[PDB]
Amino acid sequence: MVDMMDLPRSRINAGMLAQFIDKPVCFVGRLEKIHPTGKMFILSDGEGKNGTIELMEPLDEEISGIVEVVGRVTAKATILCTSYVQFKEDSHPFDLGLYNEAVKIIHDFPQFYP
Amino acid sequence: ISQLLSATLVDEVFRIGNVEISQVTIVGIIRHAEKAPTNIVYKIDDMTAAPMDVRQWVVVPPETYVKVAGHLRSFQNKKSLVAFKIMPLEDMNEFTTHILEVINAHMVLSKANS
Amino acid sequence: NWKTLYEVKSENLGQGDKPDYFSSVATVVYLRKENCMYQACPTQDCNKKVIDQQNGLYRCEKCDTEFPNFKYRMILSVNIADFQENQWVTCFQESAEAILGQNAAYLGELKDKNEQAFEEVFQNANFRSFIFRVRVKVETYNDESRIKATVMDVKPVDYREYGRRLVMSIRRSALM
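Chains as they are written, first to last, in full-length UniProt numbering: chain A, 1 to 114; chain B, 51 to 108, 119 to 174; chain C, 441 to 616.
Keep in mind that the hints were calculated from the coordinates and are not lab data. One should not assume that every hint holds.
[To be verified] Derived, one-sided and incomplete: chain A residues facing chain C with beta-carbon distance under 10 Å:
{"#": "1", "residue": "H92"}
{"#": "2", "residue": "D95"}
{"#": "3", "residue": "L98"}
{"#": "4", "residue": "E101"}
{"#": "5", "residue": "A102"}
{"#": "6", "residue": "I105"}
{"#": "7", "residue": "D108"}
{"#": "8", "residue": "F109"}
For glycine and all other residues, C-beta sits at the position ideal for the given N, C-alpha and C.
Let the hints inform the model, and build the full structure from the sequences given.
Below, the structure written as structure tokens:
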């Protein structure tokens, strides 16, 4: 076993979850809902699709908006989150459609983006 | 950071692929930092390889995105960066633009050398 | 009109007999810290650098008058670099005050009152990115022909449209 923090974490959207099972991934989305026990939530990407986030301990911090999480793709087409961070949008909005287009670009020609 | 650690060292000037580089800039998230009487070292992570090291001579708190520009160094065959300046992002679209800037830059020169 | 410094230097720009204008985005690398400010005439317009009379009074040759006060002004030479090339350009008060994020008089006071802060201004302004509108023309001096570049406008960057243009160029260019 090796720590996932020191691996090439990929960046993807909700729609690609079916082809990256068990590998580390990086997910960007806007918060949608929180399971009432504070142990699950769901994010959405530019296309509007959704992916679920699972955790290990209850969350004592309220989180909303664009969310940044990293984890391992489980067998249920889900993300087993290890860490999360939330951007700052206090002065500008995040053009999430532009980021989705950029992410679509990376996997089109990975030679220039190893 | 994925392509920096893969750079060759010849006659004091580092090369990547078919292009030379001496001054570079990247964007990532701080992971940890320590204080020294003469300089500071940050572990900048951009989620495509292990946290690189950047050194600045005489502090941004952790988990913050930043943009850096500096020089590439090798010491005991270990890659590192010496940074002229480090600036936290304010608009979060900067790194989304940077992701496309990188693919444009490291793709335009390739055909020129062809 | 979108241009790249490499194409500017390699597509026959500025070599003509007329001042050509172009706009591009690039990062500021170096700022000339000395020989930037020259005392100027209190009148509203004069294409003349005042001359000192060494008695608390100044004279202007173009208008042939004398006043007891002078106005500071800015001429800045700066190097702009991109992912493929670099270029030298010169900035007057309008663009210089934008890039330095200060007015001419305040910087003039600072240089003669606080030199460390004067340097820090250039330091902070260094490595920033702006959208540059520049014009280039050939000037003949002592029988040498060379291109001089002057900055028209300085503004911050449009990240969204910049990314849209980049992605459109990438998709279009590759598929050719």
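Here is what the structure says about each hint:
no., hint, in the structure
1, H92, "holds, 9 Å"
2, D95, "holds, 5 Å"
3, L98, "holds, 5 Å"
4, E101, "holds, 6 Å"
5, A102, "holds, 7 Å"
6, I105, "holds, 6 Å"
7, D108, "holds, 9 Å"
8, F109, "holds, 7 Å"
Checked against the numbered hints given earlier, the structure satisfies every one of them.
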